[PDB]
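A single protein chain has been removed from this complex, and every other one stays in its place.
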Amino acid sequence: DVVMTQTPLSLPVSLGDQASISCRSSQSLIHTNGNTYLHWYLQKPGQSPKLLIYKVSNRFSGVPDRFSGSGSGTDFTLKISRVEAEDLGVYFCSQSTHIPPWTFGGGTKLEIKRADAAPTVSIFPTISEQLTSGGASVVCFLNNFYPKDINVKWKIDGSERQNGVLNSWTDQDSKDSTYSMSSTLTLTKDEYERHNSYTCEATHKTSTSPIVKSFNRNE
Amino acid sequence: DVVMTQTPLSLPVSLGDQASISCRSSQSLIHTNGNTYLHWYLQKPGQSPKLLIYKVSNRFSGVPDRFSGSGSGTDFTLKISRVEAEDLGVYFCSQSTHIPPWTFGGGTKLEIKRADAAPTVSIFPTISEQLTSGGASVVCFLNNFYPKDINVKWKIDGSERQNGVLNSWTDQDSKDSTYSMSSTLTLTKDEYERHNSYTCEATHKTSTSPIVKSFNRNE
Amino acid sequence: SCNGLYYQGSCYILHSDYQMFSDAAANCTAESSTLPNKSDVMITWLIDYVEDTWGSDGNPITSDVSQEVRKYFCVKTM
Amino acid sequence: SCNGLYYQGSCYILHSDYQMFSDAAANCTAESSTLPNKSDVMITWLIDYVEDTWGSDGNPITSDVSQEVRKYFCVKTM
Amino acid sequence: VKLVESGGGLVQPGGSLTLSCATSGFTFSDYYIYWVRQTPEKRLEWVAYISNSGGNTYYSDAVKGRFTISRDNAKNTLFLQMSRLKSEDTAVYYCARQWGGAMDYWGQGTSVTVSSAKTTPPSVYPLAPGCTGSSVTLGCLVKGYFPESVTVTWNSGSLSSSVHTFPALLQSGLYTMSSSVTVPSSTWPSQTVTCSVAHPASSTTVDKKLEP
Partner (left out) sequence: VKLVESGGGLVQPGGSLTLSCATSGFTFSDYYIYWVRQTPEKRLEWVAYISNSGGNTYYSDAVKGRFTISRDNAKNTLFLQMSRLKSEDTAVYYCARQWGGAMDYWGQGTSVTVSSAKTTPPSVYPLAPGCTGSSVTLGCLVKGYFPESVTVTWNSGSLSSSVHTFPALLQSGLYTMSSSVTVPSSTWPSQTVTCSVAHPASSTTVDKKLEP
């Protein structure tokens, strides 16, 4: 029951810039033996966690000079003096002073900072193959946007519907560093055929004007 | 400084007969822990010693029922109920009660018992190749005798000479179970040429008559 | 009446259950006791008994070892 | 004045030098002492200290082990 | 230094499972070892901890009395006996060596999934625009399947295309995912775009052709 709180959750950085991640414990991590048992791990995509820094500021074997840990008591910091491509992934802080249990911070995802990009928005009516079996899934792709933070609204005949909305986000794109999401509105065939106009609406920091994609069942 | 005394030194046995070897310690081998630390080893020709029986009467792994150890205090016995060909070699008793040092008995050589055989005796004058370089080695082969115990006398002009006599014995013959020995009398060329008749004489339990082989330098 | 080691008015009770440091320290604390003081016991006959058991400084009485288990003595004054 | 474990008029002195049984037994004998008696110490608090050290019967206080080294206590009455 | 987990698989709630962690490149019996799990939320959660000899064991509250951590020092292998498995136990399970107060070397992990859901093939629905631009984005909705791992492969008439694979969502005990393909407007509908959806666990491959 030592709570490790990490901020931020995502840190957008460009290559060559410095990064700093915060980790805070619910109680002091100073051990009666003089040492302070706070540790930093890196998890790369498709890989297990690896140890980077043990006991606040000690770099583990093979870990470059650009990574530096610091802090005391309850407040700790991981600094990356100049961010390289291989540093990308999730950083976890951990405590082993007040044990059991051994506890981990929630994690900080180091990510690529790029230019802003409005999403490419496409809406799709339910295929007849779904309709004739009694379902209606309306789908909205929101492709290649930056940054990650976006809002998607479903409108049926102009009014917002929150019922049966599922959203799935991609991880950062390796080709262009953008993000993509899929939004599905699930209705029954009967309920779908009770309305005419279907709209997915996207508000993004790239425009004060929402991106609107609609279709009319009678068109 | 616990002296282990083994008897006999050689034990002549025929195949299928029972054998018993004695081992006696200078002081009791009973350990305060109730056990008695006397052990028996077998050394086969060209092989290292192997453990047969540990703590008086315990057979080691793979050791057949025909081997049995017994005894107490200072007097111990190894029995072989029926001697097989693979049992041949040297048996060593050992103590590990009064330690250090760990001490071993002198050993008992288990040997094949066969019919008696008088030695085939050959005498050889010094080769001229030795003589012309100033040495005189007179050699006497005593081949294929049984048992091992034999006496060899060198006579120069009828009188026994003990000066410069070297004797070498073979181990038991694998073809016929006999023994062989070589006896060399080493004199100088000058001393050799001062005398006429050279004789090696062998007394063996096979005859009350000695086997005599001689040569005369003037013959 | 000291069922353990008696030294200079203190009584050292052997706990042969291997424990992590915190659990050992809390165990003595609950028994109105402390762990041994390294500098007190180091130059005494107690050292042969207390060696490699938990000290009050968080280390075994003599690489990092804060995640390991050791035995421990609970010390209480008479 | 017992620099070790005191029990029922006896004083148990820890010898932390690992020794074979004979050498340990002879060491105590020379110090006007005996090794611990297994049945005396087995159902006492001493057992946690004396476990796996040489007893007077020739075994560690609880496969053959007569050729191994153990630590030992020398016991002397007060 | 290497640590290799195995034994991960799909089990029903209330089921039992044993995970192993074979080790190499260090003296195994000299080291204390942890099991640490990574949840679907991608968080790290400590599970259990064992001493070098195995005389001391520790468990998190959530697995206390259900999981048993043990070791065989002769075989350089660590074990995690899991009984009374709940959906909450669904995770990638890591074994991790203790050094310097931290967990210095971790295995690649083994995946555990606790679910009563039966093996179900996906429904595949082609996503085509109703009744413009330099490019056209098309899709296939892959719905109501179990377990995970489907592969959507797109066939088009153009080499220049980008494919977006959207992570599965758990909806009514079953997974639903989507995939989009973006191609130049001069290649669709003028040439054929199809999505091939393979679901190994049900031995099924479904092709949908994208029709205007």
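General remarks:
Per-chain residue numbering starts at 1, and chain names A, B, C, D and E are given in the order in which the chains are listed.
By our rule, a residue touches a chain if its C-beta (ideal position, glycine included) is under 8 Å from a C-beta of that chain, and two chains touch if they have at least 3 such contacts.
Across B:24, B:55, B:113 or B:155, the residue that sits in touch with the chain not pictured is B:55.
Contact with the chain not shown here comes from a single listed residue; of B:143, B:177, B:203 or B:206, that residue is B:143.
If you put the hidden chain back, the residue from B:19, B:21, B:83 or B:90 that touches it is B:90. Touching the omitted chain from chain D are residues 18-20, 63-64, 66-69.
Counting the whole complex, the residues of chain B in touch with the unshown chain are 35, 37, 39, 41, 48-51, 54-55, 58, 60, 90, 92, 94, 96, 100-104, 106-107, 120, 122-127, 129-130, 137, 139, 141, 143, 166, 168-170, 175, 180-182, 184, 215, 219.
Keep in mind that, in the parts below, only the chains that are shown with their structure count from here on.
With centres set at the average Cα position, the gap from chain A to chain D is 66 Å.
The distance from the centre of chain D to the centre of chain E, with each centre set as the mean of the Cα atoms, comes to 59 Å. Under the contact definition stated at the top, the residues of chain E that touch 2 or more other chains are 100-101.
Each of the following residues of chain A touches two or more other chains: 35, 37, 55, 96.
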